[PDB]
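Report on one structure; see the data block that follows.
All protein chains but one are shown in place.
Labels A, B and C are assigned to the chains in the order they are written; within every chain, residues are numbered from 1.
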Amino acid sequence: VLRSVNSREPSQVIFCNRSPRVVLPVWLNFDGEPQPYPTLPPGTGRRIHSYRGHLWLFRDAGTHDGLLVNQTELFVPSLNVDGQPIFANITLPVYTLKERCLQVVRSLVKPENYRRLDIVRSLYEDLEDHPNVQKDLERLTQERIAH
Amino acid sequence: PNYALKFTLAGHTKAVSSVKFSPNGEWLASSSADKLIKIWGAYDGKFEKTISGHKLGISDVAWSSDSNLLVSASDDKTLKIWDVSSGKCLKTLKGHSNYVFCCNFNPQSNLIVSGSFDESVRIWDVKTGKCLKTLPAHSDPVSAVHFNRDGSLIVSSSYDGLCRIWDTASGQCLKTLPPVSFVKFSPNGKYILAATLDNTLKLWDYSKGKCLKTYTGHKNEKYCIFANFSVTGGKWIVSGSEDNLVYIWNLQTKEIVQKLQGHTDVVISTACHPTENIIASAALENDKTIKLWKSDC
Amino acid sequence: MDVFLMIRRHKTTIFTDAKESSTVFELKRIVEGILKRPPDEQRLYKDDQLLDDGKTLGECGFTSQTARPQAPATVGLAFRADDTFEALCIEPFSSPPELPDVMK
Partner (left out) sequence: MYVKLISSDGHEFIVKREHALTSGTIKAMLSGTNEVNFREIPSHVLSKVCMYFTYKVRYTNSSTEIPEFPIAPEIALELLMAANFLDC
């Protein structure tokens, strides 16, 4: 359901990293599986070859924190018009403070050590619940069934 | 028939793309995604040699009439010609702008024909390597390209869902008869066998232009699976299948007459020995092996 | 270009926004909305420097680059009450604990 269609119709795209994170572009293949592509440093952008009807999302390539693209979770190339490439503007989201506080602690603390923090067991599990695309892909499949 | 497993060849470290018997019945060539061609004894399944060159994985192999030469077709955009005695690349055939998927010597074996993701059919000279004619064949990737009995025609198949016959001499499209995953000419000359990705094989009289047989019951929706005529003993259609089996149909009555079990991945290539009742069969990444099956008819 | 401020007197801290193009005066009238003391009873500062009512926030060094939502610039506030003038006094926040061993 959440997967690239094999249209074989080429599309020129500009992956524009407008975040301070090193970004990992992630192509959803024809069976819905996530393929890592080469990383974009912050404040860079790149003309790249994709296809119509394909699916992308983008992540911190170092921690797998999720990022927005053109204000949303998924990016889908269409046909170029009048010789114009299509822009995928990789943006940070407004993380919740909690989510951000987890990002920061995660990056300061080796996971073999989360439990030597003096905090409720609740937060240990929030810490350990590292972000991954598959969890998000699942969550996003389901909101589209409400929508 | 009663084809039973006899040998299993487990040399490639990556998926196996194509298996072809030599016309002299002596050898089996295998191409693999691991960039290698490997030669096997047809009867005793013995490792003969590895052939290396291609900078990416290989998709198809084809023998010359005299069993002395191979054409390979590769992701690295190249078709290369090999002396089979040496292991030595005689030529590289640049011309396609994307992955090359299929290849075949003409009966005379002085031409090679090839198909590519670039949506084109190319014809080559074996002596020089000069591409002679580039046919604007399809508007989508070419899956198979074969020469007829006297080498005067070419059949091609493509993901545009069309199958087409070319006059070799000029390059004009003589006739045009879901994606077409595979196509080839019947030994007896008159017929053409074509797979579509609606889980279907079909036999056609190319001249008259109507479908005479339909072979079903196997799984074929994603992969371009190589199909065959076996006619050494009885007359069968053989095919790989995505459900990991080798299927065999009574060619005339369309009945499934056997399913060979052993493979642990999609069987993407079958080959029927030229003078004897032997089948070669090859599977993908979870398998990585070639199996040989020998029957009484 | 908007600016983002903490206005700080003693142990009170106001979060509010303005334009670089606003005057210190018009920010004294914002503080009047909140703390209900007129602009003649307020003196606003940056560090030590008494800010004049006719200069814009921008001119006083308060830019989109130095007064951000996630890192607001501090504006000191001291009141007058008739003939009595209080000197700017800002009580500092609590320190955090010494960072734990596993966060080094």
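Here is the rule we use: a contact is a pair of C-beta atoms (placed from the backbone, for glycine too) under 8 Å apart; a residue touches a chain by one contact, two chains touch by 3 or more.
From the options A:48, A:102 or A:137, the residue with contact to the chain not on display is A:102. When the omitted chain is restored, the residue from C:1, C:50, C:89 or C:103 that touches it is C:103. On the side of chain A, touch with the chain left out of the figure occurs at residues 18-20, 71, 91-98, 100-102, 104-105, 108, 117, 119, 122-123, 126. Seen across the whole complex, the unshown chain contacts chain C at 4, 6, 11-17, 34, 68-72, 91, 93-96, 99-100, 103.
As a convention for this text, only the chains that are shown with their structure count from here on.
One finds 41 Å separating the Cα centroids of chain A and chain B.
One finds 79 Å separating the Cα centroids of chain B and chain C.
Annotation for chain A: no residues touch 2 or more other chains.
Those residues of chain A that touch chain C in the complex are listed here as 105, 108-110, 113, 116-117. Across the complex, chain A is touched by residues 100, 102-103 of chain C.
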